[PDB]
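Residues per chain are reported as follows:
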Amino acid sequence: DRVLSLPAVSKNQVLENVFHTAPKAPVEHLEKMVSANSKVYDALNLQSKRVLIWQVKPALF
Amino acid sequence: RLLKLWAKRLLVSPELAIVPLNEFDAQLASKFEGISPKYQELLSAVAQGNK
Amino acid sequence: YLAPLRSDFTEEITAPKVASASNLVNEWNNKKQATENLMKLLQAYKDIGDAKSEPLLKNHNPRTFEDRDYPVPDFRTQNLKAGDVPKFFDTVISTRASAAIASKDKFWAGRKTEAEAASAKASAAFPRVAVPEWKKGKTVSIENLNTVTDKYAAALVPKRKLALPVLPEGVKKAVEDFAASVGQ
Amino acid sequence: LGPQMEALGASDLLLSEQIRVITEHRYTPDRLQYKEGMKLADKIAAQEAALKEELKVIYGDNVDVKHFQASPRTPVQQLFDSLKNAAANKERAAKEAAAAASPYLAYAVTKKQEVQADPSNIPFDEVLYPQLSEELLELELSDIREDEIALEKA
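Protein chains in written order, with the entry's author numbering: chain A, 63 to 123; chain B, 259 to 309; chain C, 23 to 206; chain D, 362 to 515.
Chain A extracted, bound-state conformation:
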């Protein structure tokens, strides 16, 4: 019965408790907020190719 003197919590149960959640990458905040701000650029700059400033105010002609 030497196996009863070992720790009953396995090495598998330690790793699933210590590393319970996959951690957030430092770069994943950058790539998701730039892809959101690139559509902010495309809506609103006066220098983009597609701009919504001619969709809201159509024309004075």
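Don't read these hints as lab results, they were simulated from the structure. Heads up, some of the hints might be wrong.
[As the list claims (entries may be wrong)] Straight-line alpha carbon distances no greater than 25 angstroms define the calculated PhoX-like cross-link-like pairs of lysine-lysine that follow:
#, chain 1, residue 1, chain 2, residue 2
1, A, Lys94, C, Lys53
2, A, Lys101, C, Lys53
3, B, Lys289, C, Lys157
4, D, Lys456, D, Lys473
5, C, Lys157, A, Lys101
[Unchecked claim] Computed beta-carbon distance windows for the label pairs:
#, chain 1, residue 1, chain 2, residue 2, range
6, D, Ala406, B, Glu291, 30 to 36 angstroms
7, D, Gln408, C, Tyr92, 45 to 51 angstroms
8, B, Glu291, C, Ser125, 28 to 34 angstroms
9, C, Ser125, D, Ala371, 34 to 40 angstroms
10, C, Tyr92, B, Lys262, 27 to 33 angstroms
11, D, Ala448, B, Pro278, 53 to 59 angstroms
12, D, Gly370, C, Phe148, 39 to 45 angstroms
13, C, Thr135, B, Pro278, 46 to 52 angstroms
14, C, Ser125, B, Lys289, 30 to 36 angstroms
15, C, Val197, D, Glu415, 55 to 61 angstroms
16, D, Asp425, C, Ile70, 43 to 49 angstroms
[Unchecked claim] The following residues of chain A were derived to be distant from chain C, with all beta-carbon distances above 12 angstroms:
#, residue
17, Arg64
18, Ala84
19, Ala121
20, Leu122
21, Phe123
We put the CB at the ideal spot given by N, CA and C, even for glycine.
Starting from the known structure of chain A, fit chains B, C and D onto it as the hints suggest.
Then chains B, C and D, alone, in the frame of chain A:
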């Protein structure tokens, strides 16, 4: 230290190699007379030697 | 953007048919309050742990909550047959492992209660998420959009870092011309 | 002993593959320690796929993950593979900023690469969280110590 532990046991009693390590617990019982006879007579006869 | 083609007239003068006030402002105000409370709770989890000066991985490791001085039941007293012993050992290990996981959950339930109290009586002053400046009449410029991306990439720099030196080429060829000066 | 004739890191097999042949040798499939040892080999194989995906951008597709698992890269060694592809990365950042759809997306790729070209911007958990990294070391050393106490009791 694990190899040195099993080197001492197999130098004295080399017939422990006829029982696999994963099947050792499946032979035990609460009493010694209830230990499984799958390996009893084979262990006693390999221990007597090569003659 | 293409509209469904409808060719029909109205008959009686009706109401303007005012729609209900959607709660999306109050849900988003609740979501930013729940995120700020979770940040206030994660801050309260940290200041409790540094006050105890406990190790980071100690309370998440369930081997620390395991009691090794458990009375360790003898298999020779439990009446077992030949194959019955390895199934007995797995039961003794499982009830000791589950008693360590349940003692770890009992710790974190006691730590959550202690930290939700310290989260309540604390003032939250967190920096806000860097978004580009935008007003309803105005239009966001590239200079404000680029300092926002400057704020994202500044967070990519670690808080404590190794000063791993890159050899500059002004230093590298100055050594390599001196090495070529002496025939090497 | 069979598969246990060599240590847990001293085989030609990967560590997840060595745990599988030791768990099959130590225990039978009905055992609790068989299932906990096979689940551990799934977690080490998840660490080996994560080690492969970080080092495939330097050393190619045939990374030889076993060598970098047994002996990980030094901070000095991590610097010199960052400078090895530093020429191909800055030229790649130029052609990605030229093929960008917007001036915002062109500045963002040059700013993301200017941070990631710096080898001082490599995050080291041994530097960032030093008491955590010594806890991750004694996490491994406690499992080795519990095996040693079992040999000292015998």
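Which earlier hints can't be squared with this structure? Violated hints (numbers, rising): 3, 6, 7, 8, 15, 17; every other hint is consistent with the structure.
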